[PDB]
Structures are given as C-alpha cells and as structure tokens.
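Not every chain is included here, but those present sit where they belong.
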C-alpha cells in the first residue's frame, strides 16, 4: 500500500551513510546497509538537526540491527511485555506508517524509535 | 528550455551510483559517470522500487552507454528501422521531456528506456 506523502529532502551523513529529513511531518530515515533495519525519529522546526547533528549521534552507533537501551526495550533481563510493538509503537498510530519516502528507503521494514 | 516540474526525491544506489525517484510522474534517473548516457523508467505507486530493487537490476549492468537487448533495439543484426527514436520513443510524446529534474542529472541527453 501507499499514500500521498512524499514531500521531503534527502541528505547524507559524513562520508559513509545517508539520511533523509522530512521538512513537514518531522521524520528521518537512518539505516546501515541497503534493505536492512531502519529507524525513524522526530525533528524540531526551530532547529532542524541537519546531518551535522545526525552524524554526531550516529557516530555513537547505538543500533546496528540491535537497538541499544535507548527505547523502552533494552533487550536484556526485562519483564514479559517488551517495547517496539508494545512500548515504542502505540498501535497503528505509531510513526511507522506516516510517510511513503521512509517506506522506500527503509523498505517497508519494522523500524523502531532510537 | 525548461518546464514547471521539479517535484521529486533524490536517492542513491548501493555505494557507487545514485538515482532519483519521481514521486508523481513516475520516473527515475540512472547513469554511470557525470554528464554521460542516461536512462529513464517507470515506477509503480503501489510498490515503489526503492534503491533496493534498483541496485538489483543495476547490478546486472545492461547498459553502460551500450543498451543491451532490453528495448526493441538489440543493436545486432536487425532490420532497417530500429528503436530508440523509432521504437522506444513515439514522437515527442516519449517520456524524455516530462521532467526538468531528469534533464539536469541526465544533462538533457538522449536517454532510452531500459
């Protein structure tokens, strides 16, 4: 499926990976290899964190198809109910289906907030 | 000359070349070196073939300023009338002058369907 939301600009980070910034819905696309795990985050219109800031947090590398303890799902000695689909995604309302662009780069993959 | 059609997003393929996807007119820009032969194709809104799919067909490399036997012009033991300008381009109606963006990347070069 698809929708009518492809108004965003594509950018690159440093000299390795690349991420696109949504100048409207406030979304970003970040992923290691092509056709792999993806991640979406929110941005501020008062100060859009261009690649300059992105590369800063990206350098720390707290995902790599692993997802550090950033979200509510640390993935290490946790109760039954976890995050991702029960913590960082309140039903379909989750910011996972609010942009076609991100669906292209990420490849309609299950991305989680970072 | 130019027109009023620059609504598209630019993307990259793998870690070598890059191609832009037109989220409207359904067009794509693909080329080897800067200022060289170009190629335009159509895309589906139901499932836009992001770089993921592009790199797949691009990996096969069936052009390289040569154009394989993909189109109606195999370029090898064929009748008089050929393609390109007499097979893969029905007059000006050809999808060669329906986007300014592609005209920039391709460099207003005679691109043929792949």
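Just so it is clear, A and B label the chains in written order, and each chain counts residues from 1 on its own.
As a convention for this text, contacts are C-beta pairs under 8 Å (C-beta built on N, C-alpha and C of every residue); 3 or more make two chains touch, one makes a residue touch a chain.
Participant: Total copy count of the complex, if 2 are in place?
Facilitator: Number of sequence copies in the full complex, not just those placed: 3.
Here is the rule we go by: only the chains that are shown with their structure count from here on.
Participant: Give the rotation angle, in degrees and rounded to the nearest 5, that superposes the C-alpha atoms of chain A onto those of its identical copy chain B.
Facilitator: Superposing chain A on chain B takes a rotation of 120 degrees, nearest 5.
Participant: In whole angstrom, what separates the CA-based centres of chain A and chain B?
Facilitator: Those two chain centres are 30 Å apart.
Participant: What does chain B use to touch chain A in their complex?
Facilitator: So the residues of chain B in touch with chain A come to 9-14, 21, 23-24, 45-48, 50-52, 55.
Participant: Report the residues of chain A in contact with chain B in the complex, numbered from low to high.
Facilitator: My answer: residues 1-2, 6, 8-10, 12, 18, 20, 34-35, 100-101, 103-105, 107.
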